[PDB]
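Enquirer: Residue strings, one per chain:
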Amino acid sequence: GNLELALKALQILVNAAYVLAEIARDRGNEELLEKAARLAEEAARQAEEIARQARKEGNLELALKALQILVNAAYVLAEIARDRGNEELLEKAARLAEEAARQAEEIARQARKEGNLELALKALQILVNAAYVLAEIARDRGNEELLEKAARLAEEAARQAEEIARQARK
Amino acid sequence: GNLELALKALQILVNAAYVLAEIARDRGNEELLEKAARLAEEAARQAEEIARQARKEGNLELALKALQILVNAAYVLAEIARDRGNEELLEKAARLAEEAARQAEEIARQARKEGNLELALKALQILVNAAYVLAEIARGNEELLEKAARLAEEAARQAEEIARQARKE
Amino acid sequence: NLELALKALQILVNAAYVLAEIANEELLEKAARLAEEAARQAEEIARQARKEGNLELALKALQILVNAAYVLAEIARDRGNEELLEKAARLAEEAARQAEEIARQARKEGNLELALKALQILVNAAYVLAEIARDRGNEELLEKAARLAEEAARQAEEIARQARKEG
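Protein chains in written order, with our numbering: chain F, 1 to 170; chain Y, 1 to 169; chain R, 1 to 167.
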């Protein structure tokens with residue numbers, strides 16, 4: 001395909017951004033951290049387009065692969081905010097992860113409404129992954145709001161996965 | 001599809017159990033922990049039955065894919081046990097890991113007797129992953145450290161053996 | 001189908017990780033020999049497949065070089081062995097060095113998926129190089145490892161814009 005090639009490139013952007021942030025952190029370099037933050041954002045921004053772009057075209061599977069990159073970028077962006085001192089990036093990484101969590105439920109709702117259980121479960125998996133990042137973003141800021149929101153989002157994915165299990169075992 | 005869809009749904013139970021676990025682990029709160037423990041504890045029981053059901057028909061993979069969920073479920077169940085200090089739960093999670101390694105050994109031993117090379121390697125991978133959890137469940141009962149080491153020593157011993165047979169062709 | 005050999009070598013690297021994590025200075029040396037065997041054996045499968053043609057099995061073999069060098073990197077720390085840091089580093093640079101070439105070859109052929117898979121080994125090798133470099137405090141490798149990621153992000157960033165022209 002063609003749209004997946006960007007996503008595979010975007011995933012390497014988040015990966016190189018994660019490595020750069022880890023090697024720039026301990027030896028107090030803010031320049032590498034300025035790359036890793038910018039590298040992660042655009043991989044999320046480009047994934048945000050491809051997620052929406054694949055959703056409309058009629059692909060809910062290609063959209064999901066983009067939604068995980070929001071999770072992976074918001075995950076890496078949380079560290080850059082955490083390792084540095086920017087309480088401004090943690091405010092953006094949550095919105096990025098929360099968007100993926102919100103969109104996953106939609107594709108889940110649509111896939112379950114169409115009878116595509118497998119595609120639904122992949123959306124439920126990204127729902128749990130977004131809850132994981134949001135939970136992590138909340139323990140080092142002590143905000144029980146994000147930790148509570150993550151609880152229901154993770155719990156909601158839990159029950160829907162329980163339902164798809166019985167629906168298969170008939 | 002098929003009962004595989006149950007397993008993929010079961011894997012999400014262990015994943016969601018882990019996120020809840022992490023949350024209540026740090027942010028002091030045992031109500032989530034017993035929910036997440038039960039969530040993780042449940043998918044482990046579900047995976048155990050599908051393993052047996054897959055063993056009988058003939059499909060060893062569905063059995064293997066279920067055995068991996070026992071390893072992944074036992075991992076989350078051990079984690080709550082370490083933080084919550086429940087030395088009894090560390091045991092149930094350990095027994096869960098001990099079964100998957102043992103059951104994989106059969107599928108590993110069985111696949112090698114038929115000449116199905118990578119069906120064995122998939123069982124050997126599940127054996128090494130189960131040995132890994134027990135090491136964590138021990139890192140300090142020194143016997144279990146032998147049990148986890150012993151399982152790790154033999155999965156390695158066979159993978160280099162199976163790799164000698166593949167490189168000649 | 002040297003692919004079946006590679007998956008077996010990964011179980012060698014994995015069991016070496018379990019044994020190295022547990023510790024017995026004998027076990028740490030048995031895990032060291034276990035991983036160092038799968039890395040030198042992955043190097044052979046890489047060379048043979050890269051020579052006959054196959055650029056994926058070479059990459060699939062190179063990924064175990066990163067993972068074998070990664071597992072051996074821990075044994076170096078837990079045993080206090082700066083001589084071991086050389087082998088784990090030597091493999092990581094090799095996997096990184098070979099990946100760039102395989103990336104270069106794949107880009108000339110139009111196998112953009114293959115380049116990105118080769119570029120992933122660049123980041124995975126660059127991360128290990130960084131990990132091996134913060135342990136002894138060698139800032140030469142820490143810049144070298146940073147550059148490896150800076151190249152992988154830079155080359156993959158083009159493939160992201162070059163591919164969306166036909167989305």
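Hints were generated in silico from the structure; no laboratory data involved.
Heads up, some of the hints might be wrong.
A short, non-exhaustive set of chain Y residues, derived as facing chain R with CB atoms under 10 Å [what the hints assert, rightly or not]:
1. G1
2. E4
3. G58
4. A81
5. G85
6. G115
7. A155
Only pairs whose alpha carbons sit at most 27 Å apart, straight line, appear in this in silico BS3-like list of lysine-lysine [stated by the list, open to error]:
8. R:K7 <-> R:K30
9. F:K170 <-> F:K92
10. R:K30 <-> Y:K168
11. R:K144 <-> Y:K113
12. Y:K147 <-> R:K108
13. R:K51 <-> R:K108
14. R:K7 <-> R:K51
15. Y:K113 <-> F:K170
16. F:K170 <-> Y:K56
17. R:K108 <-> R:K144
18. F:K149 <-> Y:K35
19. Y:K168 <-> R:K144
20. Y:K168 <-> Y:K113
Cβ coordinates follow ideal geometry from the N, Cα and C atoms, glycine included.
Enquirer: Please go over all the hints and tell whether each is borne out by the structure.
Expert: Now the hints, each set against the structure:
1. Hint status for Y:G1: violated, given a least beta-carbon distance of 26 Å to chain R, over 10 Å.
2. Hint status for Y:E4 relative to chain R: violated, with the closest Cβ pair at about 21 Å, above 10 Å.
3. With its C-beta approaching chain R no nearer than about 22 Å, Y:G58 sits outside the 10 Å limit, and its interface hint is violated.
4. Hint on Y:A81 is violated. Least Cβ distance to chain R is approximately 19 Å, over the 10 Å limit.
5. Against a cut-off of 10 Å between C-beta atoms, the interface hint on Y:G85 is violated, since the closest Cβ of chain R lies about 23 Å away.
6. A hinted interface residue such as Y:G115 counts as satisfied when its beta carbon comes closer than 10 Å to some beta carbon of chain R; here the least separation is about 12 Å, so the hint is violated.
7. Interface restraint check: Y:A155 against chain R, minimum CB-CB distance 5 Å, threshold 10 Å, status holds.
8. For the suggested pair R:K7 and R:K30, the alpha carbons sit about 20 Å apart, so the restraint of at most 27 Å is met.
9. Under the criterion of a C-alpha separation no larger than 27 Å, the hint pairing F:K170 with F:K92 is inconsistent with the structure, at around 43 Å.
10. Distance check on the hinted pair: R:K30 and Y:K168 sit about 26 Å apart at the alpha-carbon level, within 27 Å; holds.
11. Restraint check for R:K144 and Y:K113: not satisfied, since their Cα atoms lie roughly 48 Å apart, outside the 27 Å limit.
12. Between Y:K147 and R:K108 the alpha-carbon distance is near 51 Å, which puts this suggested pair outside the 27 Å criterion.
13. Between R:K51 and R:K108 the CA atoms are separated by roughly 17 Å; this keeps the pair inside 27 Å, and the hint holds.
14. Proximity of R:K7 to R:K51 is assessed by CA-CA distance (about 20 Å); at most 27 Å being required, the pair is judged to hold.
15. Of the pairs offered as hints, the one joining Y:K113 and F:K170 is violated, with about 35 Å between alpha carbons and a cut-off of 27 Å exceeded.
16. Note on F:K170 and Y:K56: the hinted pairing holds, with a Cα-Cα distance of about 19 Å set against a maximum of 27 Å.
17. For the hint pairing R:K108 with R:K144, the CA-to-CA distance comes to about 25 Å; that is within 27 Å, so the pair holds.
18. With a C-alpha separation of about 17 Å, the suggested pair F:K149 and Y:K35 falls inside the 27 Å cut-off, and the hint holds.
19. Our distance criterion of 27 Å between C-alpha atoms is broken by Y:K168 and R:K144, whose separation comes to about 38 Å.
20. Of the pairs offered as hints, the one joining Y:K168 and Y:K113 holds, with about 19 Å between alpha carbons and a cut-off of 27 Å not exceeded.
Of the hints listed earlier, those the structure fails to meet are numbers 1, 2, 3, 4, 5, 6, 9, 11, 12, 15 and 19, in rising order.
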